[PDB]
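Engineer: The chain contents come next:
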Amino acid sequence: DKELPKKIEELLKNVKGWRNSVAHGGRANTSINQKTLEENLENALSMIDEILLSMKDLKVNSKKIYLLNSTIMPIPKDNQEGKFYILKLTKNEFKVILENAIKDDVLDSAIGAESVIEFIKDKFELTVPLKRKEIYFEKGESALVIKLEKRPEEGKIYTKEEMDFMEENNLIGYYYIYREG
Amino acid sequence: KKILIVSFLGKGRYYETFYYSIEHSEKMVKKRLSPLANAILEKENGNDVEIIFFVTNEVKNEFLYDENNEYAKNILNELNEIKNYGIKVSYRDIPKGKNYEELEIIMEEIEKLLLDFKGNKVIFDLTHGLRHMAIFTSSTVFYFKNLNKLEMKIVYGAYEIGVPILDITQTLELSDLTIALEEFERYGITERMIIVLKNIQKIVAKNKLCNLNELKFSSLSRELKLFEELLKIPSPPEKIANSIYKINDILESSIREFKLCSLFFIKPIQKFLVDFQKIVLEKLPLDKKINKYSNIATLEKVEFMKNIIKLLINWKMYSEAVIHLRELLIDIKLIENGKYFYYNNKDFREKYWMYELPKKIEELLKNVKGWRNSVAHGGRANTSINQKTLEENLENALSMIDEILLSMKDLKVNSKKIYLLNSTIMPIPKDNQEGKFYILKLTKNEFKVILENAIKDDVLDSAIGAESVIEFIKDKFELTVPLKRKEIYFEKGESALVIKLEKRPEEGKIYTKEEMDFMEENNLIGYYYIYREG
Amino acid sequence: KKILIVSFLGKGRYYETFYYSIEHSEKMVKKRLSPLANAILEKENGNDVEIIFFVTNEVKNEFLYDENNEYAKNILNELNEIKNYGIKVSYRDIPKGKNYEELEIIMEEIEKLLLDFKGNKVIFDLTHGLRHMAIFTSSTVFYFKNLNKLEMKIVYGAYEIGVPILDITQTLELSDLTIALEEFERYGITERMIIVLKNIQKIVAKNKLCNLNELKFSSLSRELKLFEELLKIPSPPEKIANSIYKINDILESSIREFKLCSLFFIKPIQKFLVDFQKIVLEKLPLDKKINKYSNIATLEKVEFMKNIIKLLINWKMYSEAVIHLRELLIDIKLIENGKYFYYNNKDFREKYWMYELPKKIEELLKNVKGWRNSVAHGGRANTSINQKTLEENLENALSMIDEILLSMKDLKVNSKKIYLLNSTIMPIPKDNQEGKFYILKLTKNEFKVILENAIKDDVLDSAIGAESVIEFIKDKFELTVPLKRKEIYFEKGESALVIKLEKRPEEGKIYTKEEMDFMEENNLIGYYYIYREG
RNA sequence: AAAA
RNA sequence: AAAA
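Protein chains in written order, with the authors' numbering: chain B, 383 to 563; chain A, 2 to 148, 153 to 167, 177 to 276, 282 to 374, 385 to 563; chain A', 2 to 148, 153 to 167, 177 to 276, 282 to 374, 385 to 563. A prime marks a further copy of an entry chain.
Mixed in with the good hints, there may be bad ones.
Stated by the list, open to error - Heads up, simulated SDA-like pairs for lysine to any residue below, C-alpha to C-alpha not over 20 Å straight-line:
| no. | chain 1 | residue 1 | chain 2 | residue 2 |
| --- | --- | --- | --- | --- |
| 1 | A | 465 | B | 481 |
| 2 | A' | 260 | A' | 302 |
| 3 | A | 246 | A' | 497 |
| 4 | A' | 239 | A | 402 |
| 5 | A' | 246 | A | 517 |
| 6 | A' | 286 | A | 431 |
| 7 | A | 365 | A' | 400 |
| 8 | B | 470 | A | 517 |
| 9 | A | 470 | B | 518 |
| 10 | A | 465 | B | 523 |
| 11 | A' | 239 | A | 416 |
| 12 | A' | 290 | A | 153 |
| 13 | A | 515 | B | 518 |
| 14 | A | 335 | A' | 209 |
To be verified - Listed below are several chain B residues computed to face chain A (Cβ distance under 8 Å; list not exhaustive):
| no. | residue |
| --- | --- |
| 15 | 454 |
| 16 | 455 |
| 17 | 462 |
| 18 | 469 |
| 19 | 470 |
| 20 | 512 |
| 21 | 514 |
| 22 | 539 |
| 23 | 540 |
Said to hold, decoys possible - Some chain A residues well away from chain A' (every beta-carbon gap over 12 Å; in silico):
| no. | residue |
| --- | --- |
| 24 | 12 |
| 25 | 51 |
| 26 | 134 |
| 27 | 205 |
| 28 | 251 |
| 29 | 301 |
| 30 | 357 |
| 31 | 367 |
| 32 | 416 |
It is worth saying that the hints were derived from the structure and are not from the lab.
Note that the Cβ used here is the ideal one computed from N, Cα and C, for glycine as well.
Based on the sequences and whatever the hints tell you, model everything.
Structural biologist: Structure, rendered in structure tokens:
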């Protein structure tokens, strides 16, 4: 919509063209010479500087991000099928997304165990609501997820003291879930 | 309340008689003719009554001039008195009906009358006149009734039951119902028949002979209309199966209710009900409960749809047959490649609209696709297909669907690992960093079918981790499933059946199998299929 | 040659009479009843003849026991003698036809008879019996004729024309033709009507009343069948226009030929011919010669196709209407973007199936495309569309096609440079090193239309280099075109009309305009459209 | 991992 | 460049 995405899209259009010039050997009359390319690279770098300014303030409006403690794929009772995408994140990636969700005011926590509240509050110095509710993924919604990379006995809940050791050996997993359909 | 009466004229001994209309026998009229007692009885209901007589000129002169015709002078004098309390009577001349041309002149007279009338009802009192004339006119009404629909009644004054003038509208009814029966029987048109069905219902409702709500004539007619609309307009096989199953159940109840009800002629309405019996339902794989497999491709669903293709052809609906044939072949590709769970997924369907036995299947797709495009693109850009070629191709394709469907009930599409899980999770290998998953809601029947087949193919990888879920599956489905509360990981292309609680209990709570049964009663137990596409 | 006769029984004075069948009046039989003279005349043709009488039990006893019934004993004695040279006669009992139930018992009797017969013909001698019975049976035949089709004849022994027994098969004919007329009139079905058309032709051919080859009934029926097949099966608008134009010409010749031909009942066959008059042809833009614009998209062709969409809807053919509506909107996009020359090019058509007034046009495409897919994909993957929504959408789209078609007859799609060339060459700029060209064969009418419009839009760039070609164009098309024997070069997107010799003369030869006329007579002059796409 |  |  706004002026900024138009700026970004145009700069791709042009970068694309002259990358293709490099990337197909200029065949079929699409050549670029060294000096024009070097000029274009510099012009383009100026505008990247400009774009990176405009974006460094942009309240990039993250929509609802649910917070889950399982990599489940609930869809509305409304829906009969779904397509989901899951990505493994690092503890840093997890912290970054979570922090931003909290600051943008877009986090929908469904963390149903206080021991996870304990864990998040300690390991990330972020306080997250405890809410044992169903959520359902509407198309285009996202979830941060934190799960045990182990399936214990039933009913077992780990003390935060044990979870520290779990976190020690990469036995606590962070995930991003996106519903594409 | 404005009525026109038509009758021929005769040359017999026209007696003076007692005439009463059957539907109200307390009223009688002394006249020497049928139309005259008719017209007097009708003006007896505050109606406007006029008459017209078709008099062969031979009757005009031989009879109605000879004052040496005792009864003829009788009749003419009564005619003159018919001016009475106001009744118009007048005559057109007609030929003997000797040959083709004469019967046609009689028809043109009937036409002239019909058009020129500015009233409500026309009564065809075929009583008098050379009957030879009367037989033609009865059919003549049928023709002209369906080719301005005002109102008919055809009557006959029987002398030797005295003498009541009898409704004989039924004679044109049965030819009306002949149009209805044929139009449906050859073309599946329900328009005509819905009149009779709502017709008979209102009468039994107005007279408590049969028991509506056991006839369910309202349901039967509404379902007939929708089933025709689902045939004419290519529609999901799920809707077709739904209506066909509703119509089986409705049909059985109304069949029970008929019972020679104590006026609602019974035999024709039964002749048609059997046509659906024979034309529609009796060629359909109903013992499989197609209604219960709404979400996946199955070989029985392919069978149901194959016969629906056959019926579409029987009713001159060839182009809907081609459309359905192509979608059916995508259903077969789905099944034969183990993608049956993608049934109602638009993307996969077009991805397989592009992407010995499999070779046979794919050649048949290529060719069916071609013919579908000929139809679905108006034959544009010189891709037309004509009817005879299309029906030829349709029959060959159906024959080969049978060949394939046999050779396929043998091919055990050897399902690889199907995990059985008790939650809708997407675990991937620690090797992996991302994954793309597809989740589909399953019916209890679909779930049981997938599971049953997985066990018999010996490809089930149970990771069911609660003993009560083992409990519940074994009872509710009579299938035995290992308790193995382990991690699993989806490789690309692996699939899981899932059995889950559709509610979030307190932490740690495990429901007992009795409780799972209770949840399942009010639909808090959910079945799913999960597939990793990437 | 094996025949079953059916008649009721009466209680009047059954006289001894002279009976002759009309179609052979040299033979007569002295009997007191109609079926008896009938049966004797029939065994007079080396046939197997049997009889059956429907005798109300009241007739059984009141009449045929009283030996104090002078004529009744007459009749029974003649019955006994009917054993004669071999004629079986036997009776079933019937009720009075007092009410619904009784008429139905009479029907069931008729049914029993019909099924149990193992012969060829059944003659319904409705002469005797309470006529009230006879009126019902005539219709009863219609019903049962269309619901085992063996053979009918219905006859009437008229006393007071002596006495000839008269074929009255026509009474069931006209109700037969009522099924034919309705089925076509509401549904465009030609099955029924083709019987009558071939029927009447064979009779006039067998009796030289009308002049076939001016009736062309063979052509009319064959064209009727193909036109129905082109309606039911979505077909190129070129075939639809072709058949409609052939059927106009055929219809005018057969209409002329009818002439009250000196047995081939005339009025119904005329009623139907007018239905096509009114239903089909009279709502069609025929003054434009659509047949002559077979290769390009035109606004008049869009008009013809819009009305064909309307007719498709009138005959409950909604799904063909959706298909044709989408292709029609691609035709409109083609025209409005000046790509009309791509009409029958499959690639361009799908490239525009993807790629204020234009905004209106594109929104209407989006929506029409959606509904087409609902139909052409079986509503699969939950994309179904129902009949009521579809017809609602069809009417809205037709209304907006009218809006657009008006607002478009104003929009001069401002053709840029159209070269006029006299050879099918592909010259490109010296700037350019490659080019991609599209060449399309044009009709003399298409060529003249493109040229005419180019001149009036003032966008023609003539490079016609022979004075005689200027000569020929001006005469043959009454259009004036500059002589400018220059190089031109196609830029991307430029177009040329071309007028060319379809023969390679000796070198250097220029044909004079007289010679060009001579070539054009035997089709050695070719018209083309050339477009540079790249 | 019937929502670590 | 009505097939330089």
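Engineer: Does each hint hold? Answer for all of them.
Structural biologist: Verification of the supplied hints:
1. Taking the CA atoms of residue 465 (chain A) and residue 481 (chain B), the gap is near 26 Å; set against the 20 Å cutoff, the hint is violated.
2. In summary, the hint linking residue 260 (chain A') to residue 302 (chain A') is supported, as the alpha carbons are separated by about 16 Å, within the 20 Å threshold.
3. Restraint check for residue 246 (chain A) and residue 497 (chain A'): not satisfied, since their Cα atoms lie roughly 59 Å apart, outside the 20 Å limit.
4. With a C-alpha separation of about 23 Å, the suggested pair residue 239 (chain A') and residue 402 (chain A) falls outside the 20 Å cut-off, and the hint is violated.
5. Proposed proximity of residue 246 (chain A') and residue 517 (chain A) is contradicted: the alpha carbons are some 55 Å apart, above 20 Å.
6. Taking the CA atoms of residue 286 (chain A') and residue 431 (chain A), the gap is near 50 Å; set against the 20 Å cutoff, the hint is violated.
7. Between residue 365 (chain A) and residue 400 (chain A') the CA atoms are separated by roughly 15 Å; this keeps the pair inside 20 Å, and the hint holds.
8. Restraint check: the Cα-Cα separation between residue 470 (chain B) and residue 517 (chain A) comes to about 17 Å, which is no more than 20 Å; the hinted pair holds.
9. With a CA separation close to 14 Å, the supplied pair residue 470 (chain A) and residue 518 (chain B) stays within the 20 Å bound.
10. Only pairs whose Cα atoms come within 20 Å are accepted, and residue 465 (chain A) paired with residue 523 (chain B) is accepted, the gap being roughly 15 Å.
11. About 10 Å separates the Cα atoms of residue 239 (chain A') and residue 416 (chain A), which keeps this hinted pair within 20 Å; it holds.
12. Proximity of residue 290 (chain A') to residue 153 (chain A) is assessed by CA-CA distance (about 15 Å); at most 20 Å being required, the pair is judged to hold.
13. Of the supplied pair hints, the one linking residue 515 (chain A) and residue 518 (chain B) is violated, its CA atoms being roughly 26 Å apart against a limit of 20 Å.
14. A C-alpha spacing of about 18 Å is found between residue 335 (chain A) and residue 209 (chain A'), which places the hinted pair at or below 20 Å, so the restraint holds.
15. At about 5 Å, the closest approach between the beta carbon of residue 454 (chain B) and any beta carbon in chain A falls short of 8 Å, and the interface hint on this residue holds.
16. Hint on residue 455 (chain B) holds. Least Cβ distance to chain A is approximately 5 Å, under the 8 Å limit.
17. The beta carbon of residue 462 (chain B) is positioned within 8 Å of a beta carbon in chain A (closest approach about 5 Å), and the interface hint is therefore held.
18. A hinted interface residue such as residue 469 (chain B) counts as satisfied when its beta carbon comes closer than 8 Å to some beta carbon of chain A; here the least separation is about 5 Å, so the hint holds.
19. Using the Cβ-Cβ criterion of 8 Å, the hint placing residue 470 (chain B) at the interface with chain A is satisfied: the shortest such distance is roughly 5 Å.
20. Interface hint at residue 512 (chain B): violated, since its Cβ lies 11 Å from the closest Cβ of chain A, which is beyond the 8 Å cut-off.
21. Among the interface hints, the one on residue 514 (chain B) holds; its C-beta lies about 6 Å from the nearest C-beta in chain A, closer than the 8 Å criterion.
22. Annotation: residue 539 (chain B) was flagged as interfacial toward chain A, and the flag holds, the nearest CB pair being 7 Å apart, inside 8 Å.
23. Using the Cβ-Cβ criterion of 8 Å, the hint placing residue 540 (chain B) at the interface with chain A is not satisfied: the shortest such distance is roughly 12 Å.
24. Remark: the non-interface label on residue 12 (chain A) conflicts with the geometry, its nearest Cβ contact in chain A' lying 7 Å away (cut-off 12 Å).
25. Once the 12 Å rule is applied to beta carbons, residue 51 (chain A) is consistent with being away from chain A'; the minimum gap is 23 Å.
26. Some Cβ of chain A' comes within 12 Å of the Cβ of residue 134 (chain A); the nearest lies about 10 Å off, and the non-interface call is violated.
27. In this structure residue 205 (chain A) is not separated from chain A' by more than 12 Å, as the shortest Cβ-Cβ distance comes to only about 8 Å.
28. At roughly 8 Å, the least C-beta separation between residue 251 (chain A) and chain A' is not larger than 12 Å, which violates its mark as non-interface.
29. Non-interface status of residue 301 (chain A) relative to chain A' is upheld: no Cβ of that chain comes within 12 Å, the nearest being about 18 Å off.
30. At the 12 Å boundary, the C-beta of residue 357 (chain A) stays outside the reach of chain A', the nearest C-beta of that chain being 19 Å off.
31. The claim that residue 367 (chain A) lies off the interface is violated: its Cβ sits roughly 8 Å from the closest Cβ of chain A', which falls inside the 12 Å cut-off.
32. Separation of residue 416 (chain A) from chain A' is inadequate, the least Cβ-Cβ distance of about 4 Å not exceeding the 12 Å criterion.
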